[PDB]
Amino acid sequence: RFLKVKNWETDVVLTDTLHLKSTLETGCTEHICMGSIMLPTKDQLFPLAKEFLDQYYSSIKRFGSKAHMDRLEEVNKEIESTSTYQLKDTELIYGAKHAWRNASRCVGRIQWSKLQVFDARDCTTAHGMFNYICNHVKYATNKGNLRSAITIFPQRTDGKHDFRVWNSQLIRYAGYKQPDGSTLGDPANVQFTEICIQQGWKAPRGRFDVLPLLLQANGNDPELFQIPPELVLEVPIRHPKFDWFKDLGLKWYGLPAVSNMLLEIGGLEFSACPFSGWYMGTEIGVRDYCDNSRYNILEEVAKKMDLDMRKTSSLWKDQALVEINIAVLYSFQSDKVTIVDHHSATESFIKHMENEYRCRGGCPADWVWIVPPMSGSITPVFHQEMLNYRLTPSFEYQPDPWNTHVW
Amino acid sequence: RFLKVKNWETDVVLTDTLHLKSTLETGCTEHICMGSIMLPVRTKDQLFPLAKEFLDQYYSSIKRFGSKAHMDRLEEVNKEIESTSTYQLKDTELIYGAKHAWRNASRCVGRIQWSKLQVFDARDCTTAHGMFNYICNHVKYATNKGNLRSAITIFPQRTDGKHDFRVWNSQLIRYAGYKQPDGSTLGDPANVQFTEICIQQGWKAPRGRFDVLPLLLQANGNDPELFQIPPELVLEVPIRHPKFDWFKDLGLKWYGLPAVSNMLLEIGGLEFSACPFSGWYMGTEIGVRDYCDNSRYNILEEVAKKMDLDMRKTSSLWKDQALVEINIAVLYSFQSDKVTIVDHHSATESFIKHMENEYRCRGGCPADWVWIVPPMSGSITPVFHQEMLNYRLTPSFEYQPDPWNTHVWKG
Ligand code: HEM
Ligand code: HEM
Ligand SMILES: Cc1cc(N)nc(C[C@@H]2CNC[C@@H]2OCCNCC(F)(F)c2cccc(F)c2F)c1
Ligand SMILES: Cc1cc(N)nc(C[C@@H]2CNC[C@@H]2OCCNCC(F)(F)c2cccc(F)c2F)c1
Ligand SMILES: C[C@H](O)[C@H](O)[C@H]1CNc2nc(N)[nH]c(=O)c2N1
Ligand SMILES: C[C@H](O)[C@H](O)[C@H]1CNc2nc(N)[nH]c(=O)c2N1
Ligand SMILES: [Zn+2]
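Chain order of the listed sequences is A and B.
Note that the first sequence covers residues 299 to 338, 350 to 716 in PDB author numbering.
Note that the second sequence covers residues 299 to 338, 348 to 718 in PDB author numbering.
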């Protein structure tokens with residue numbers, strides 16, 4: 299009820315009080331830790358509304374003030390009449406930023422308060438969605454000088470009038486299963502790439518084909534759109550010493566923009582809410598490039614470094630993993646597209662933890678996700694105990710719409 | 299009630315029913331996960356349930372459940388408890404107990420080996436000198452001139468908690484660390500306090516970077532006594548690199564025998580406070596943590612200096628690059644000298660098949676992800692992509708506080 303977290307490298311010890319304001323459930327019990335699992350009416354809404362608005366009015370130095378009470382009453386009357394309510398702009402901006410402040414899996418939260426919010430709640434069709442999305446992508450990209458942004462489409466209603474971006478990110482490469490047996494392009498999107506073509510996408514069948522957005526408006530059938538190619542900034546990957554690296558023909562996109570999540574604010578569900586920041590290098594170099602289920606390039610790379618692939622113990626995978634990540638970071642820097650390395654980003658996160666501890670009483674953080682997928686223990690987050698708990702407003706994972714949409 | 303873990307790399311799904319035989323608290327709640335926190348006299352009343360649970364288990368495993376042998380041993384243990392307040396394990400129960408503590412060790416990546424453990428029964432030991440001798444024999448048997456073999460030595464159990472056997476060392480073989488007046492350390496920063504207790508206790512310190520601490524040994528609640536392990540018993544490996552000839556001029560070496568001696572073995576409710584055990588190193592324990600943690604030997608800067616890396620910007624990944632070379636060097640060195648060692652690719656792959664096998668044969672495998680995933684190259688080892696349930700089975704190994712914090716000094 300006054301839990302402590304120790305850093306084992308610096309002996310700094312922090313006291314967490316924020317967790318007793320925790321609301322949702324984690325997956326763990328005192329009998330079983332599920333720390334490493336990827337996925338663990351009118352009456353319901355008003356308390357959720359009340360909970361959120363109380364924190365909002367607290368944060369603006371106006372807890373228990375006339376303006377505060379007036380809003381609680383106004384919101385109560387709207388729920389009782391309509392079955393829901395609408396957020397004020399300012400509430401909506403606060404909510405969005407706080408959902409980012411609460412994502413216990415994001416290492417990047419030092420930035421949480423710098424988030425440009427684009428209120429797309431007046432949108433009604435998928436063409437409108439496309440327009441809004443294009444504008445997001447162009448604003449956030451900013452010719453390589455990336456800026457965090459989120460775009461918020463209309464909240465859930467009866468629940469068969471949902472807005473969704475069917476893509477899991479705004480910008481992703483296609484995947485096709487070949488007669489050969491191997492996979493061409495990105496194997497993570499095969500399923501979605503099929504559903505695209507089935508809806509009429511004229512696939513070029515390449516290894517790096519920017520997918521078309523599939524947008525669903527007001528619970529209607531999903532429609533296809535190509536993002537203006539001049540909007541999708543991409544980066545050709547070269548190595549600062551390995552001249553031959555460019556011949557693997559690798560590129561990656563500059564803008565990471567998660568588009569399949571659900572934002573919950575004060576009991577309201579915003580099911581379409583793509584948001585974007587900028588990459589930490591290991592996300593592309595370690596995961597996208599090297600995972601077995603992804604582009605899986607280690608073998609090809611090791612082979613050109615003429616490493617001894619004869620036995621695991623030469624650590625050829627490890628050697629090649631590093632140079633790949635050096636190449637990712639080098640290319641982005643040379644092309645002036647914002648990117649942060651895992652050292653700098655984890656170091657930023659420790660400052661941000663310490664700031665949230667002294668300024669908020671804590672910081673929910675999921676160690677399994679915060680510690681980079683390479684070089685863990687030489688980055689300072691490895692030595693840092695973290696408590697993970699679920700606060701609201703938050704981003705939540707949601708089922709792929711195709712598993713749930715009625716056609 | 300069943301639970302499922304997915305492998306996100308292979309889509310294999312496993313079902314855990316083993317967690318239903320689970321006892322101790324995790325530290326987690328439905329509200330908070332403490333999955334990354336390092337640290338999450349027993350009366351007569353509480354002992355026979357624990358004895359019975361253990362002995363039902365043992366007898367199950369030897370295919371004798373409900374036998375006469377089983378019922379008599381239950382009765383016999385009951386009697387011992389009500390007559391003496393404690394009880395004594397048979398040899399075969401001890402062995403089985405200690406194999407299972409290892410099998411249940413959720414933070415141990417080496418568990419495929421659990422059924423091959425050499426148990427040394429040291430329950431007749433009465434004095435520190437006695438402990439020394441037992442320990443020397445352990446070291447020598449386990450080392451086996453570099454062909455390492457897993458072993459554990461088990462000293463008498465806790466009684467009233469006033470007569471505890473303890474090995475004050477955290478590992479039987481570990482180097483000293485000496486804080487200097489300038490603020491810097493010579494040797495292993497992690498052993499400064501304990502090294503200080505050793506000097507306090509009469510040890511004459513060489514004051515070098517790789518000085519093997521003396522054993523500090525407590526028997527029957529008495530004050531502990533010093534003993535130098537015989538240096539001919541201390542296998543060491545000097546660290547060189549297969550391509551970099553300057554690496555040996557860093558002056559590094561490490562001991563071959565990893566032997567944790569600070570944990571408490573719990574079997575059937577009995578508490579063995581001195582049960583030092585040992586196996587063989589995974590390369591990354593030395594090469595990443597021992598050598599490259601900032602609060603340890605901290606050699607990353609010196610190594611990257613020699614490699615002429617660009618050290619002016621973290622994004623050159625000079626730290627990451629020097630780290631791998633070092634790890635290549637540790638493994639090269641152990642292999643050339645014929646000392647058993649396993650790399651992390653090999654260790655995790657072995658672990659994944661053990662875990663799978665355990666699920667089929669036993670209905671689960673408690674695994675702590677935070678500890679199982681190696682501290683470099685995380686996602687190119689198959690453990691990274693593997694969901695894991697963490698839960699506490701007995702018999703088990705527990706952390707216990709350091710003795711100097713608890714010991715009542717006799718004089
Ligand atoms: C500004 C630079 C940012 C950086 C460097 C960053 C970093 C990261 C990283 C490395 C992860 C783990 C992702 C993975 O391995 O798949 C992550 C997860 C996440 N971040 Fe960020 N982030 C940034 C911006 C944002 C923004 C603007 C938001 C919200 C508006 C956000 C919210 C999230 C959420 C909700 C997750 C977890 C997603 C999941 O469960 O898959 N991040 N972040
Ligand atoms: C085959 C040789 C072995 C290898 C390579 C191995 C591997 C490992 C590694 C890498 C760790 C974590 C290291 C750390 O961060 O300190 C560990 C932890 C552990 N292992 Fe093993 N293991 C081996 C044998 C054994 C044996 C023989 C036992 C006892 C019978 C054992 C019980 C444990 C326990 C209790 C822990 C957690 C210790 C703690 O909480 O500090 N292991 N194992
Ligand atoms: C089944 C499933 C569940 C879940 N909660 N998340 C995933 C996402 C899976 C989990 N690792 C790979 C994939 O993430 C891709 C998104 N990456 C971009 C980023 F989120 F990491 C990111 C990075 C930098 C800035 C950002 F704004 C940003 F959003 C999958
Ligand atoms: C506060 C604290 C709690 C806890 N449960 N363990 C520790 C021990 C901490 C945990 N990582 C650093 C320090 O261990 C040093 C020795 N480890 C050796 C080994 F266990 F990893 C090992 C490796 C290989 C074979 C073995 F038999 C073996 F026992 C510290
Ligand atoms: C804070 C965190 O739990 C701590 O640094 C852990 C992380 N994972 C680890 N994993 C192993 N094998 N050994 C360790 O000492 C640690 N340290
Ligand atoms: C099973 C395990 O939870 C899974 O591999 C997780 C581990 N940590 C992760 N960490 C990050 N940042 N991103 C991921 O996709 C994952 N995957
Ligand atoms: Zn947990």
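Accuracy of the hints is not assured; some may be wrong.
[As the list claims (entries may be wrong)] With a cut-off of at most 30 Å between alpha-carbon atoms, the simulated DSSO-like pairs for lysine-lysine come out as follows: (1) A/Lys612 to B/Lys613; (2) A/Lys612 to B/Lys550; (3) B/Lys486 to A/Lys304; (4) B/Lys319 to A/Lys550; (5) A/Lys620 to B/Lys486; (6) B/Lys620 to A/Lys660; (7) A/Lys469 to A/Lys452; (8) B/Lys550 to A/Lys613; (9) B/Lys645 to A/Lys620; (10) A/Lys469 to B/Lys555; (11) A/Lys319 to A/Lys555; (12) B/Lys660 to A/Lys612; (13) B/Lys550 to A/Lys626; (14) A/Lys486 to B/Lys304; (15) A/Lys613 to B/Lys612; (16) A/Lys626 to B/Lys304; (17) A/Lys359 to A/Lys406; (18) A/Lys423 to B/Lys660; (19) B/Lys645 to A/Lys660; (20) A/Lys612 to B/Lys452; (21) B/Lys555 to A/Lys555; (22) B/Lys660 to A/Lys626; (23) B/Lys613 to A/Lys555; (24) A/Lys319 to A/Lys359; (25) A/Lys620 to B/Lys511; (26) B/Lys645 to B/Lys452.
It is worth saying that the hints were derived from the structure and are not from the lab.
Evaluation of the provided hints:
Straight-line distance between C-alpha atoms of A/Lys612 and B/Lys613 comes to about 26 Å, which keeps the hinted pair within the 30 Å bound. Restraint check for A/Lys612 and B/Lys550: satisfied, since their Cα atoms lie roughly 18 Å apart, inside the 30 Å limit. This hinted pair checks out: B/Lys486 and A/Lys304 have alpha carbons roughly 23 Å apart, not beyond 30 Å. A C-alpha spacing of about 56 Å is found between B/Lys319 and A/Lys550, which places the hinted pair above 30 Å, so the restraint is violated.
Proposed proximity of A/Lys620 and B/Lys486 is contradicted: the alpha carbons are some 41 Å apart, above 30 Å. At most 30 Å may separate the alpha-carbon atoms for a hinted pair to count; B/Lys620 and A/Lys660 meet this at roughly 19 Å. Distance hint between A/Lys469 and A/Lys452 is unfulfilled; the C-alpha atoms sit about 38 Å from each other, more than 30 Å. Between the alpha carbons of B/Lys550 and A/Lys613 the distance comes to roughly 18 Å, so the proposed pair stays at or under 30 Å and holds.
A threshold of 30 Å between alpha carbons decides the hint, and for B/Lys645 with A/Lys620 the separation of about 16 Å falls inside it, so the pair holds. With a CA separation close to 69 Å, the supplied pair A/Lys469 and B/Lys555 exceeds the 30 Å bound. Pair hint A/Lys319 plus A/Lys555 does not hold up; C-alpha atoms about 51 Å apart against a cutoff of 30 Å. Restraint check for B/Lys660 and A/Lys612: the C-alpha separation of about 28 Å stays at or below 30 Å, so the hint holds.
Between B/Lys550 and A/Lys626, the direct Cα distance comes to roughly 17 Å. Compliance with the 30 Å bound is thereby established for this hinted pair. Annotation: proposed proximity of A/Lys486 to B/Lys304 holds, straight-line Cα distance about 23 Å (limit 30 Å). Restraint check: the Cα-Cα separation between A/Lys613 and B/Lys612 comes to about 26 Å, which is no more than 30 Å; the hinted pair holds. Under the criterion of a C-alpha separation no larger than 30 Å, the hint pairing A/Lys626 with B/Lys304 is consistent with the structure, at around 24 Å.
For the hint linking A/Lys359 to A/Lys406, the alpha-carbon distance of about 18 Å falls within 30 Å, and the restraint holds. The hinted pair formed by A/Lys423 and B/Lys660 fails the criterion: a straight-line CA distance of about 46 Å is larger than 30 Å. Of the pairs offered as hints, the one joining B/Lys645 and A/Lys660 is violated, with about 45 Å between alpha carbons and a cut-off of 30 Å exceeded. Pair hint A/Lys612 plus B/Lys452 does not hold up; C-alpha atoms about 37 Å apart against a cutoff of 30 Å.
With a C-alpha separation of about 36 Å, the suggested pairing of B/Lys555 with A/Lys555 is violated against the 30 Å cut-off. Pair hint B/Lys660 plus A/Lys626 holds up; C-alpha atoms about 21 Å apart against a cutoff of 30 Å. Proximity of B/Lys613 to A/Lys555 is assessed by CA-CA distance (about 29 Å); at most 30 Å being required, the pair is judged to hold. With a C-alpha separation of about 14 Å, the suggested pair A/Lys319 and A/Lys359 falls inside the 30 Å cut-off, and the hint holds.
Distance hint between A/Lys620 and B/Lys511 is unfulfilled; the C-alpha atoms sit about 44 Å from each other, more than 30 Å. A C-alpha spacing of about 9 Å is found between B/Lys645 and B/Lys452, which places the hinted pair at or below 30 Å, so the restraint holds.
Checked against the numbered hints above, the structure breaks hints 4, 5, 7, 10, 11, 18, 19, 20, 21, 25 and satisfies the rest.
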